[PDB]
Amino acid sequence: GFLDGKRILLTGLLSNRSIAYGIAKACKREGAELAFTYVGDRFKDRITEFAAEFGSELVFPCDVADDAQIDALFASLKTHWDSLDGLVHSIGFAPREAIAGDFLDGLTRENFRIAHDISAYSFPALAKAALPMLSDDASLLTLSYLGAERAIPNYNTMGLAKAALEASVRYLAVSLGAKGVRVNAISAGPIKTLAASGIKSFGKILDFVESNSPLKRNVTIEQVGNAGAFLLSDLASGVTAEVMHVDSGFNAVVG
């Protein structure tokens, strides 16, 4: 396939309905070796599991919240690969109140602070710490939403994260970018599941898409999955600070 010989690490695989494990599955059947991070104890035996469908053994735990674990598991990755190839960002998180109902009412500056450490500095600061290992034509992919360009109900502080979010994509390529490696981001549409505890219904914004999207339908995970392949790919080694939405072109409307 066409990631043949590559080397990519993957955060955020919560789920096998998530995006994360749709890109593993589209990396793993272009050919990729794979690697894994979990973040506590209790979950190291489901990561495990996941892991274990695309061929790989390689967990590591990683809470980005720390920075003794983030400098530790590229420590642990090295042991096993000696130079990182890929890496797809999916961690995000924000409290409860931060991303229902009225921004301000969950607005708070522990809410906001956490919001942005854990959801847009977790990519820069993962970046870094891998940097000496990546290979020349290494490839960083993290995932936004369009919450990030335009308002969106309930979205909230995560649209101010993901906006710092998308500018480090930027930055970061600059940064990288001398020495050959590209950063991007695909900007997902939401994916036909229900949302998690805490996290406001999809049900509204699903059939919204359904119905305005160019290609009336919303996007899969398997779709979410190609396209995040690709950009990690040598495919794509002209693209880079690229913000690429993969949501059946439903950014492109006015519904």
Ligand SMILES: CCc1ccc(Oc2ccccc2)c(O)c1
The other form holds:
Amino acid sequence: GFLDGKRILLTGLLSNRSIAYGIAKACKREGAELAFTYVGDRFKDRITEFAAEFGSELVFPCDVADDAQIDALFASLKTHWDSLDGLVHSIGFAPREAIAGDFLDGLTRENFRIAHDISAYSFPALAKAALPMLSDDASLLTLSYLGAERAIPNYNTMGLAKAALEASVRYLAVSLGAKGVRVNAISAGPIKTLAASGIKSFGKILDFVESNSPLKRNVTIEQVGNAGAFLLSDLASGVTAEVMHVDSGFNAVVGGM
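Since the one above is the form deposited without this ligand, can you give the form solved in complex with this ligand too?
Partners and other molecules omitted; one chain follows.
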């Protein structure tokens, strides 16, 4: 496969609907060796089952709010892997009120802080902690959304955080690029996941993209997963600092008229 021998750490695999699950499946298919993170003790058994499905027992806790856990993640991983070839950041969070209704109604300093801390800061934070063990041709991938680019109803504070995340892709690409490391995002179309269900009226977004995207269909975690596997691979060695849309072309139209 086109990821033969590549060692890839995946965050964010919460359920079999997770974007990270689709990425994991595609990476394993293409020959990668995988490792996984989780948050919260009650999820240890579930993530362990997922890891086993992908031929791995490499599972580590990491709440990205916590500097100590970020450092311990890579210390733990290093006991197994001398080097890391891929990193998938598939992590986002905002308090419920910050992704519902009017943008200002749900804006507080703490809601802003938390959304940006978990959804944006954590990506370059993981990159920095990983750097001593990154291979020279390593590839780092995050997940963003069109809400970064244009105002989407209810997405609100997450739109600000995704914009900062996409900027971090560019600044990371410069910082890490001379070494040879690539950094990219996929701006995924709407997919029904646990996180997605936190956005007020997500169902309306899903239906609108199905009706108005050029391909007249929503994307799947398999499609995002394949795009992800591509970006993580040497097939994409010419590509860095890129935000690739995998959204059935929806970003490129003015729909619904």
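Definition used throughout: the rigid core is the maximal C-alpha set that superposes within 1.5 Å between two forms. Positions refer to the first chain, counted from 1.
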{"query": "Which of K216, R29, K192, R46 is displaced between the two forms by 2 angstroms or more at its C-alpha, rigid core aligned", "finding": "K192"}
